[PDB]
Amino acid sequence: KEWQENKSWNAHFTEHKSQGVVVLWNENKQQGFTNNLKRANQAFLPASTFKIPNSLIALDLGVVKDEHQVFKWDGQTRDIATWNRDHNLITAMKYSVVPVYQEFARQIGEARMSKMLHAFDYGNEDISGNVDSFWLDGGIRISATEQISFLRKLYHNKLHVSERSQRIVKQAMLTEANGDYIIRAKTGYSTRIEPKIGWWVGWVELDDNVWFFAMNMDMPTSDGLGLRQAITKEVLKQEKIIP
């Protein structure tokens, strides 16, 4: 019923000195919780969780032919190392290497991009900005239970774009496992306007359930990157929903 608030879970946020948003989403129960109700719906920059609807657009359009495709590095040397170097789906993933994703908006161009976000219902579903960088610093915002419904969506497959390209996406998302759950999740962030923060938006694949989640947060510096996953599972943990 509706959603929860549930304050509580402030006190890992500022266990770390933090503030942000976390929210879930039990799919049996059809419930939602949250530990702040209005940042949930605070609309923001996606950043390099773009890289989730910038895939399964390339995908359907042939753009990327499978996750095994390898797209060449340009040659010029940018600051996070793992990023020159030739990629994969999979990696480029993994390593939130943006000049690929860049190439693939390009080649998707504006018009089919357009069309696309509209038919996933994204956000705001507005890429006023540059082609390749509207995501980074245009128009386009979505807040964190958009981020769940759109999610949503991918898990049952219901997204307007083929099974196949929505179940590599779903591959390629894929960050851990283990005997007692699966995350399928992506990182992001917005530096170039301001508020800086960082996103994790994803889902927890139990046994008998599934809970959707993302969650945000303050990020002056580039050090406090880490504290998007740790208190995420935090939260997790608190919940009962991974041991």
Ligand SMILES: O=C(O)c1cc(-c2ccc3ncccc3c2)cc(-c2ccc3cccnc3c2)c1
Contents of the next structure:
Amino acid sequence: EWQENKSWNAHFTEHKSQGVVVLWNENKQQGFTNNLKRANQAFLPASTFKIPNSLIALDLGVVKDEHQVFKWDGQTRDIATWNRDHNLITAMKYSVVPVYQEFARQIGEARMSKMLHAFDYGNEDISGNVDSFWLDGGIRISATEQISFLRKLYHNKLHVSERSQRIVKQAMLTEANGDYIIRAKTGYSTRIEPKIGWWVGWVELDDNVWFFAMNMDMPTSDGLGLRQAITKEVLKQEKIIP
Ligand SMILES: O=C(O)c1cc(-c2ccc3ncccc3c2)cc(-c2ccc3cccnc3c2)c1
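To complete the pair, please output the form deposited with the named molecule bound; the form solved without the named molecule was given just before.
All chains and molecules follow, beginning with the one already shown.
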């Protein structure tokens, strides 16, 4: 069911990095990782939490649809793309934390906690501030747990409406060409050690889907592009993408 391929460690070592990639072949129901231990270690989800947060916000009507405009609150922040109006699509694309912090406040602790339990999401623990717990609270999730959650989303099996799941999968669209479609979400956790980058999602092919979840040590923001670059090198090595 599970196979360890340490040859992928070369892709981290080449960049003086360390991390884990987890792949799941949906047709064959087989998983692959370079590091079985780290594949099951739990980290803060950081902005990968925007996936469940979007689902919950949509299903509760906090977000009407993917066109609803969340106006900039006029507070200048140091990421220029955040100092502007957003909808669900652009808020996901630019990982707009303050938009999602307001979602969480409107969702509220009780409904957030119940929904994460229904999703079987990570350690399901929202201890901390309702508007920051995915950044510095008690919630934790492993790469294998990310894949379990994403597989449910892909199959519309989460306990929210089909509509909510379709909208979030639309909002996850990251790349598409004639060979594959990637729906995914990045994350960068810095408030609690170890600092890590995330990329989780899946690759749609004509006749299969490959789920992936990676995290890697990320001491500075300078290496954030390696999240996608390393993942894609693994995908290329395994002949999943050209
Ligand atoms: O994971 C990522 O790819 C990433 C993470 C962050 C991010 C995530 C969570 C945080 N939580 C608390 C405080 C600051 C946080 C910052 C920001 C950006 C980002 C987004 C839009 C940009 C547009 C232009 C230039 N650069 C940009 C950088 C990317």
